[PDB]
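The chain below stands alone, shown as C-alpha cells; this is the form deposited without the partner chain.
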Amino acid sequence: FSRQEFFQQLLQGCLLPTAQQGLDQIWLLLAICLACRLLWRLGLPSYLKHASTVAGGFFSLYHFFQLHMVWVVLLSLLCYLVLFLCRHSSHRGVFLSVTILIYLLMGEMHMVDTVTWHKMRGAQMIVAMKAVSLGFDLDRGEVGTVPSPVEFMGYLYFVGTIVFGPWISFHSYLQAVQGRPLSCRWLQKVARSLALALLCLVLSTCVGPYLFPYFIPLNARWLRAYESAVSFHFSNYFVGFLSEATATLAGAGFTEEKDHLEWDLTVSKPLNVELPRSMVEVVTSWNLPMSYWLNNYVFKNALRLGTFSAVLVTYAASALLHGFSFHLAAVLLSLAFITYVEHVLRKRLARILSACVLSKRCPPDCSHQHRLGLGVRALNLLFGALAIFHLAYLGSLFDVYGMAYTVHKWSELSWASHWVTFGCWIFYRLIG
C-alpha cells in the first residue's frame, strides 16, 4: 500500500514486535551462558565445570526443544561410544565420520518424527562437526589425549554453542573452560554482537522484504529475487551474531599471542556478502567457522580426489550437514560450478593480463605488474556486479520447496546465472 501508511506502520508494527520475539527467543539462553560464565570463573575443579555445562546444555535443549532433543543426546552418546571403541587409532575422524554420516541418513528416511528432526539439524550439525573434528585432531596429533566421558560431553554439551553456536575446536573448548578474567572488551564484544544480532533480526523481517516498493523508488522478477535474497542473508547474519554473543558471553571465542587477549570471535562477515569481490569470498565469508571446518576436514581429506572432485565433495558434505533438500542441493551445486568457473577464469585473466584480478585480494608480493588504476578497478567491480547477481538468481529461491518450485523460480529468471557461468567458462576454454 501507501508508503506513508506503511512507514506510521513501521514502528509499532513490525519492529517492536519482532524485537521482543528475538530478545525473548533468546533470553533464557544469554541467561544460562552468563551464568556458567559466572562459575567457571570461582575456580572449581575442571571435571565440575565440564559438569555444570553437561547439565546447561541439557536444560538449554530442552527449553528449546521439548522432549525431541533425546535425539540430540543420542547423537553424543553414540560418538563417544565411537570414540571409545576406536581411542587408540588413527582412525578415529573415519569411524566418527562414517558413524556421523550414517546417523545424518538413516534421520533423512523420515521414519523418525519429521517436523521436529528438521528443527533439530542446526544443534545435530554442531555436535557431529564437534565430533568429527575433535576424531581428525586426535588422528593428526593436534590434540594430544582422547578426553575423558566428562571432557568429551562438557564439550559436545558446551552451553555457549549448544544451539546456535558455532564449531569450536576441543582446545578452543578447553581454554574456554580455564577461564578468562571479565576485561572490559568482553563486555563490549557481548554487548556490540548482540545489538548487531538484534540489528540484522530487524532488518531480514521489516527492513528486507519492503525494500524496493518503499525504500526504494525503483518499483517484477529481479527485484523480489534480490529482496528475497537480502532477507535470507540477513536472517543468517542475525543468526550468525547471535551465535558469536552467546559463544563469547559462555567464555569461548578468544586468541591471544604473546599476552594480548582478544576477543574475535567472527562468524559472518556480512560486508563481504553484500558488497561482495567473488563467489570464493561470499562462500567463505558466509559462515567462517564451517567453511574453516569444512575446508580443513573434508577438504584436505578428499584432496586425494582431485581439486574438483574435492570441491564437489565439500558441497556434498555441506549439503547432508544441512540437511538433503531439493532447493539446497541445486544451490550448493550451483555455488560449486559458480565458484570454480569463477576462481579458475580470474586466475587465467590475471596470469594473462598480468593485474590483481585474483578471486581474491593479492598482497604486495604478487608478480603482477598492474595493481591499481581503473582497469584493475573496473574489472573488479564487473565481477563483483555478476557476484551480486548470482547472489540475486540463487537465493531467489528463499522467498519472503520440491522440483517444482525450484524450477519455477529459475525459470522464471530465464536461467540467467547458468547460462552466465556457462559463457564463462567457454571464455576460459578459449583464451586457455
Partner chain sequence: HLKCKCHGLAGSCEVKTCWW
The other form holds:
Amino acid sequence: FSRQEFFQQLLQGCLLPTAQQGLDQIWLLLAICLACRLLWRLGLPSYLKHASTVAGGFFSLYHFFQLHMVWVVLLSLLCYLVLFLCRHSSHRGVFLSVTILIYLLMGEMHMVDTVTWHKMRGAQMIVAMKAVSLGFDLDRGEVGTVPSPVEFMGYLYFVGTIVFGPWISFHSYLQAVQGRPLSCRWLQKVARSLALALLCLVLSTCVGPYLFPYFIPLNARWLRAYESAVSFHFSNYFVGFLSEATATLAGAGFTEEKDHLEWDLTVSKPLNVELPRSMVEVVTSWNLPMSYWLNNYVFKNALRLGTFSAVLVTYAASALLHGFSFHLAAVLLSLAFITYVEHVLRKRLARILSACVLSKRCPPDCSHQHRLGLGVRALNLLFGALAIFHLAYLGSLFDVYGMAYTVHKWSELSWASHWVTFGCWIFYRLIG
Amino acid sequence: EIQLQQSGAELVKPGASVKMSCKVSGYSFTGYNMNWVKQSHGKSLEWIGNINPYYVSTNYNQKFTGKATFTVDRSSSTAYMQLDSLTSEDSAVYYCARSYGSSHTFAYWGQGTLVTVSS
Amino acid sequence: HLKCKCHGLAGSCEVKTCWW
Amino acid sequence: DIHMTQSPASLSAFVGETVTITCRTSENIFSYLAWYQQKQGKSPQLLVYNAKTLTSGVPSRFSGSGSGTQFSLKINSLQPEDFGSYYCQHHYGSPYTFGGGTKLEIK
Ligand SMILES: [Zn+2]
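Return the structure block for the form solved in complex with the partner chain; the form deposited without the partner chain was the one displayed.
What follows is the entire complex, opening with the chain shown before.
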C-alpha cells in the first residue's frame, strides 16, 4: 500500500464520499433551521414561533433518531413536570438536577439498548443542560418568571441547538425568537462556519488517521496515539463548527451590545487545543459553551467545599451528563487530576521564580520578574509538550467502551501519563 | 399573614457603615429570594439585589455592587444588608421585598429603614 | 476494506461517514 | 439594560372617573411587567403581574393590558383608596428596573 497508491485514491475515494455523506445527512437540518429563521421574520405571535420550533425540533429528532426520540420527548415532558411542580420553590436547580440524574441513571440501567443510548447521548445532554440552566437561572434571579409550557418546549426543542447545537441560555433563545435582520454578517458567519465544519470533517476522516506514515515521511504506539487524538479532536471541531453554523442559521448566537450586532458564537477553538499552553486552556477551549455551563453552574454552586472538591464534583457532573460509561469517566477524572496538578505546579513555579509560567498568560499588571526571555519561553514550550503528550495519551482510546479495552490501551502505552501526573504532584510537594 | 418586620431608622456620619435587618416571619425563610429595594426621597424605586436563602448566592445590581452586601442568618431567619462608605446621596429608604414565588415580582414588602447621612 | 467513523457530540454516532 | 418610560408623571381625576397609565419599555419584555401601588407613606403593593394577571385581594376595577414594549393599566371607577403612586416594573430578568411613577391625585 504505497504512499503514491494511497494518494492516487485519497482525493476521490475519501474526500468526495465523506463530504457528500456529511451534506446528505445535515442538509435537512440546515433547511429546517433556515425555514425557522425565515419564518421568525414575518412577525407572527410569540407562541406561534415557539410552536413552530417545537414542530421543527420534533421533525429533526425524528430524522436523526428514527423512533427512539421518545426518550428525549419523555425527558422534556419530565423536566417540565418537575419545573411546574416546584415552580414556586427556590430549589428549582437541585430538583431538576436530581430528576435529570435519576433519569440518566435509570436509562443506563438497561432502560434502552446501549447503541441507541450512545446515539442519543448528545441530544439528552443538551436537553438536560438546558433544563438545569433554566432552573438555576430562575433560582438565582437572572430569569424573571417561569416559562409557559410552549416557551419551555420551544426552548428545549430549539431547532438550531437540538441535535448538535450547543447549550444556549434561555434568554439567548428568547432573543433568537425576537429575531434580528438577515444582514450580510449573518450569512458570512453561517457560510464560514459550514466551510470550516466540512474542512474539519474531511480532515478528521481522511488526513488524521493517515498522516504519520504518508503525510509525514516519519514512520509505533505513540504515533498512533497522536493520530487517534488528532482525528478525534478534528471530529469534535467539525461537530462544533456545524453546531455553531446551525445555531447562527436558526437565529441564535449573537451578542447585541451598544446597538452593535456581532454574530460571534464560538463553540471550539482549534488553535488553543492543538497547540496548547496548559491543560486548563485545553479544557476551556475544547467546548466553550459546555465549559461555561459546567464552570458557572456546577463550580459556582460547589465552590463552598474547597477548590479541589469543587473541581472534582465539576468533573463528576461532567461525566454524569454523558451518562455513566467507562472511557468517558476515567478520561474525565484523569483530566481533573491533570489540570489540577498542572495548574498547581505552574502556580508554585511562578511563585518560587516570580516568572510568567502561569497556566494562563499573565495580565499586564503582574509583578513577575521574567515577562520574557528564554527561560519562560522554554518552560512554556515544555509544559505545552506535556499537554500534547497528555492529550495524545487520553485520545489514544479513539483508535481507528470496555474497561478491559481502556486498561489494554493505557497498558500498551505504559501508563506514562498517570506516572507523569504523579511525578509532577510529588515535585510540587517537594518544592512548596 | 406574612410579615417582614424590619429594623429601625438610622442616622450615621458619612463614610461609616450600616447593617440593616429584615426579620422574616410567616413562611419558610429559605424558600424564596429576598429582594432588596432602595427608594430615594420621593423618587423612583431601585432594585439593589437579591439573596437566595437556600444556597447563599447573591445577585447585585451593577450600580450597587461594592456598595451593598447581603448576608442571611437562617437560624433566626433574618436577612441583612450592609452599606459601605456611605455618601450624601444614599439618604433614602431601603425595603426588603420577598420574591413572589415563580415570578420575580415583590409580593410582600417590609416597612422601610430611613437611612440619613449628615454631620 | 471499509471502516465507519461516527461523529457526534462528545462521542456519539449522530452522523457517520464510512469510506473505502 | 431595560429602561421603563412611564407616562403621565402626574394625573388628576375625580371619584368614579376612568384613568389609564402607560409604561413604554425601551426593549421587548414579552409581557413581563408588574404594577405596584405605593400610597402616601406606605410601602408598595403588587397589583398586577405578567401585565394581565391580578393578585389575590386587588379588586376587579384594576385591569392590566398591553404586550411587547407598550403596556397600560386601566383603572375604572376611581375609589378614594385608589389614589397614590403607581410604579411599573419589568420582571424579564436581572437587573429589574422600575418606572418613573405616576402620582394619581384627586381633584
Ligand atoms: Zn506575568
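Think of the rigid core as the biggest set of C-alphas that the two forms share within 1.5 Å after superposition. Positions refer to the first chain, counted from 1.
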The mover among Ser148, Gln188, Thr266, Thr114 between the two forms, judged by a CA shift of 2 Å or more on the rigid core, is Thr114
